[PDB]
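Number of protein chains: 2
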Amino acid sequence: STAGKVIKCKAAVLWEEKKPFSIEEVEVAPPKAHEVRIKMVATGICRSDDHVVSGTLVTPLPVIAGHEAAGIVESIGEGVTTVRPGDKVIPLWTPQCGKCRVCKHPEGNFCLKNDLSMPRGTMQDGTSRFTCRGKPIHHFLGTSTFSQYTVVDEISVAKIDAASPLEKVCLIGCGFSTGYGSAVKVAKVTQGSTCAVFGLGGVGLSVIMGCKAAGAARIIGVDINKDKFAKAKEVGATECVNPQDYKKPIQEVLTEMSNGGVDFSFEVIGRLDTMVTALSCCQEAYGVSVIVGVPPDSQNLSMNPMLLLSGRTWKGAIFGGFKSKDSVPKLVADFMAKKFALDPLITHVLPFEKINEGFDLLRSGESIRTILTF
Amino acid sequence: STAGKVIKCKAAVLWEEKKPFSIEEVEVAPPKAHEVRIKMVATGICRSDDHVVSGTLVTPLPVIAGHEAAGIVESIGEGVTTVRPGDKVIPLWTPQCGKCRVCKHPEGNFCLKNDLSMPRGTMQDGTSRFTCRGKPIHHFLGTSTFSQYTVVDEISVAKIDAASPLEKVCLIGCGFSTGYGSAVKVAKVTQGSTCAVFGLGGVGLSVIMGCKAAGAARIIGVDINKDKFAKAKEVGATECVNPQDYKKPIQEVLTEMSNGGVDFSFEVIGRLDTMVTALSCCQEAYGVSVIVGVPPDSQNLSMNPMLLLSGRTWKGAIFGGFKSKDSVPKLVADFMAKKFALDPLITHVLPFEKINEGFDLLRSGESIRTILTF
Ligand SMILES: NC(=O)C1=CN([C@@H]2O[C@H](COP(=O)(O)OP(=O)(O)OC[C@H]3O[C@@H](n4cnc5c(N)ncnc54)[C@H](O)[C@@H]3O)[C@@H](O)[C@H]2O)C=CC1
Ligand SMILES: NC(=O)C1=CN([C@@H]2O[C@H](COP(=O)(O)OP(=O)(O)OC[C@H]3O[C@@H](n4cnc5c(N)ncnc54)[C@H](O)[C@@H]3O)[C@@H](O)[C@H]2O)C=CC1
Ligand SMILES: O=CNC1CCCCC1
Ligand SMILES: O=CNC1CCCCC1
Ligand SMILES: [Zn+2]
Ligand SMILES: [Zn+2]
Ligand SMILES: [Zn+2]
Ligand SMILES: [Zn+2]
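Just so you know, the protein sequences line up as chains B and A, in that order.
Each residue of the first sequence is one higher than the one before, counting from 1 in PDB author numbering.
Each residue of the second sequence is one higher than the one before, counting from 1 in PDB author numbering.
Incorrect hints may appear among the rest.
Copies of the same chain are indistinguishable here, so a pair counts whether it falls within one copy or spans any two.
As the list claims (entries may be wrong) - Calculated pairs, DSSO-like style, for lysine-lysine (alpha carbon to alpha carbon, straight line, at most 30 Å):
1. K113 - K248
2. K248 - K135
3. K99 - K212
No lab work stands behind these hints, which were simulated from the structure alone.
Kindly generate the complete structure, drawing on both the sequences and the hints.
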């Protein structure tokens, strides 16, 4: 009964930095040309959503955040052809326009139509579909999933298996895919190798899954919260180390353990020091280090370039290097085919109304992923 | 006549930093077990040898530098099996012991027996085979080619084509292979790509040859010495730019020229700033940047890791990524087969006695490579 009409629904609005989310009534406009309105069913709480709160990730406010989710299309705008009302879909915070230089590149995935590099907080047309208390509200990465209904550009949505469990596959919208791809696609982990994974949250655990799927023989988790070790080992870690427990730099500990350095290392936290530690801990002649974590805004790191001259490779990636629209449905099909697991990542399931409690669990280190159900 | 006997011959000894080399009479001991004494025929002047003089590269003094050379085996020590007296050889300043974890890796080449990371200035056994005026003199990178005769460990020498032109193939000992490999092996340049090469000396020009051999469609040379542009174009550069010509930083110029960044960039100079510039000038989502240049001893650079998070790859290599003993003979064979050219890199040929003049030519910007003949 909503097609072609404004919808009034509940959403979590962040009015300013460093404040809790405010559950409010918002008004969601119907979709314009090449836009899709989606009924959200489940959304995950990613550390990147917290970065918005903390100021680590600068984006226009007030905003409706959220970028890891899954739902059902409610209606479509003029000219849409990739989805229809009723389809199961996952919003793509990294779009895939299919026409830019990156999209046409065989490897690149950071589409030039993204709203991450210089955020505008809007739809591709430069406007907003949301109003709250008479005020237009900004969008987030073109997705804004912390709302019962959202509107997204066609290039930022993927159709998925009609049989998918939305409360699980929302993870494929961000956390899982990012981590998993960082291992199998960006780093290209090899059979029998030794890997080090710094950070054992939702993304890091997905990195471990990817290292295991690639055939790694040894996987070392690194985290200051030891309650994360058990889960890290269940998904593939052979060993875990806690930097707080040691008298010397963890890079020396990891280098000794691995008889001279690891094959592949991953920074999945978001700290300058751990980015350099991760690079240093890989074998100097052939090691590969991938940065996944997001540091805070603007601050530069200092490092010795001879760490690279010796032969190391250092790189980073968005969304695990996956071309979004092409990949998401394939990942869901692999999940349905039982090629990987998502349950281990989920520690909590809460109603959407408890979003702030979900963020509390993240900050306190008591959760991996909290899935919010609408 | 000389086997098993001390040889008295001329060599260039560097007694102190920032001094001219001193032509001296030195005593060269016969080879000990698993060592090989070689009569040098030709040696090139590489910027790395100048780094020893300038203090850019710290290594024990006094020393006999030189590492880009070709010669003929004069005698061998007990147990040697890979070369015989009379064989044409090229000394290897990166060894290949064949036994360490790097030598056994399919890609890595920075053998753990190198004398580059933590230089001792000696043979593998920790002693020296050179005496001058009764004082022991240090070796350099296990090669010490600035002497009529040198002694090298077996893992630091490769036999080559008996008909090879030693005054040309010496370049394969360093400059050419480093640049060529950095493009074809380390960067893995792709057909139709756009490359940027920072530094148009012997190594940078070799990088251009590798980019051309890889099929690059566009190659932009960057040097503050415009006198190098004609040769750069001769070997494959489509364009050349001089940063001194511009008010804008060179990365902005390069990014604009390449419609958003190059595919592959190479720093072949040895400056911290240029390393970051080169990285920044490659495409943000899929660009690759390789560091080849050597900066002053132990100095760190400052950079924003968001440069990598977007998807850039940053790496470095020693000797073009080539496993030394395995590759050098193959490279010589390729040269003999006309698969690449070495002449365009040689601007001057001088007697060894004029070593200082050759270093002067390098520092003034008049030469690409000077070859010293004994
Ligand atoms: N590159 C991409 O495309 C994306 C990047 N990210 C970023 O990846 C990072 C991780 O994301 P989540 O897993 O959601 O975060 P999380 O907060 O769930 O996990 C972070 C882990 O790092 C641990 N940690 C914190 N400080 C540490 C330290 N000094 N030393 C060792 N361990 C430490 C924490 O105890 C925690 O377990 C975040 O920065 C996020 O913004 C998130 C997904 C996509
Ligand atoms: N990674 C490895 O295995 C090896 C590293 N190297 C290093 O490669 C570098 C190049 O070696 P060569 O070709 O022999 O040196 P070179 O002195 O012949 O050439 C260097 C070029 O850089 C230019 N240049 C200087 N400052 C510049 C600036 N701000 N901007 C743009 N261009 C500038 C110079 O005019 C010159 O043409 C040296 O640092 C050397 O030590 C040398 C070979 C092996
Ligand atoms: O978490 C999802 N997206 C992230 C990607 C890295 C920059 C912060 C936003
Ligand atoms: O130039 C020859 N060898 C180089 C290798 C890189 C550090 C300086 C010495
Ligand atoms: Zn996320
Ligand atoms: Zn695109
Ligand atoms: Zn050299
Ligand atoms: Zn070795």
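| Of the hints stated earlier, which fail here? | 2
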